[PDB]
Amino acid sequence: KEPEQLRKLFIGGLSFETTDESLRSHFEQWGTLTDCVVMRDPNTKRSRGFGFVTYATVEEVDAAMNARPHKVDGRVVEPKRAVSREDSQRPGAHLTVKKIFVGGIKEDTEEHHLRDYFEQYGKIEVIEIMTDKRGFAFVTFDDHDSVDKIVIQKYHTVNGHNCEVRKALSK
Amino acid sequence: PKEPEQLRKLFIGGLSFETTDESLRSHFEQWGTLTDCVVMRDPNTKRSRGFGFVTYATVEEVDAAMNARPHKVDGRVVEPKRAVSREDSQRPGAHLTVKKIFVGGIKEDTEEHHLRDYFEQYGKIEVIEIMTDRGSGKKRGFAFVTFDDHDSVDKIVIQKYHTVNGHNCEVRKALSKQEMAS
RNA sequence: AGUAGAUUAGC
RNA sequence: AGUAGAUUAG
């Protein structure tokens, strides 16, 4: 089957009223839910303002993301690809961005190589190979979910060779 | 439509210093087609650095090569391992040989057969141990699995996600009680 | 002494 | 409390 982590969305900005039951009845419009939970404060039992929805298939996850915007219990909420507990500890893991850093490209790698591999994740806006070639490049998408789909994957083969993918940064 | 290059690549450690790209190739193409084969050399001396990489066309061929250990290349037994990505190679101890993994993030209803059901596919299991807290009696949220061949572990840690009992869980090479307090 | 690729952070 | 799951080191 497909790994649980790839079938899970993080839902940001929940209302205090939002429950496992209310969250479920909304997001089950886009598929079957293997799990649906609001994270609550262990001591107060207040909602902590976010939850998780898990579909049976990644297709259903994709459908829910394609049906943005999402309003739950009177509140616009923010669904994003669920970053694993391990990757969540890395700085910038949770930023909403449209641009990725691509490092480890070989010297004969051209722009159409990068386009051929990254098209599958979403509409590409801009590709820029760094010149001085220094072995890295930048790709800009029009939808942050395109980036999120990319960084939850481990390997990326461009022109027959692995390369590392990171969210592009401000500093 | 291939399989990622990183999963098709083996690190070959301990090469004879006379081994070349071609001699390394003629040995390892006995187990399949090689999309690449290289001896790593020092940039200034051009001398061999004592290790290389071979990449097969399919991971199936990688498995065949690993199942044919030991491998003697140009008179010397070499040590082939799953090629750890440059990114993962930067963390301490990434290349140490272990048969035992730490498994963290298992739910309270996760049983011993759940762990065995998922990890069997990587190799013969020797020992599974779910950690229960003394003084409380219930599960602590992690476990340990011991395999019979380190390559089983190496095949596990080059994958990203591991769904045990319907939930993701993290896998790390196990360190000793001493090594951890440090 | 030894078996981890290093041209993987933009003007 | 209010947008990252600490029951993830024996």
Contents of the next structure:
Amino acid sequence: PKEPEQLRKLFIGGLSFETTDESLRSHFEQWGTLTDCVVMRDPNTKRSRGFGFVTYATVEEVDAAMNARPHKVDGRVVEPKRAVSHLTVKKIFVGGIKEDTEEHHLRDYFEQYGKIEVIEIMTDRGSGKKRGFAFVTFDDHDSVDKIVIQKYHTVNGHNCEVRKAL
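The structure above corresponds to the form solved in complex with the RNA; please provide the structure of the form solved without the RNA.
What follows is just the one chain, with no partners and no other molecules.
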């Protein structure tokens, strides 16, 4: 039961034009087994396009690589991002939390995806009653990228709808 390959890929932007399949692989093999590693090049000149992708054997390895950012590859800090499900944001909408979900429920759950900077539990402008949804802002986009590819989110017993926000 191998995780889908799309969820094991990291797109690496900002490459040095000197980076090769081999040097990209040598770098990212520090955090797991790479089943694929390619630097994108022009079909005619073979000059690097400045980006490429690596595929790990497992999702846990993708996490390890993301948690080892910043990555300086061949002298240049690169920009790894998980493959598209790129709309790169740090904020999520959390819906379906009803009136009884509080800040600590959302924090205790989502803090295991990344570092939380803001939790905004939405209330009615007129009555102050909870509206049943919230926004969570993290310090970095990978948290959000991990969150929105999950099929399910269970918080405070509620089955929640979670999507990228703005």
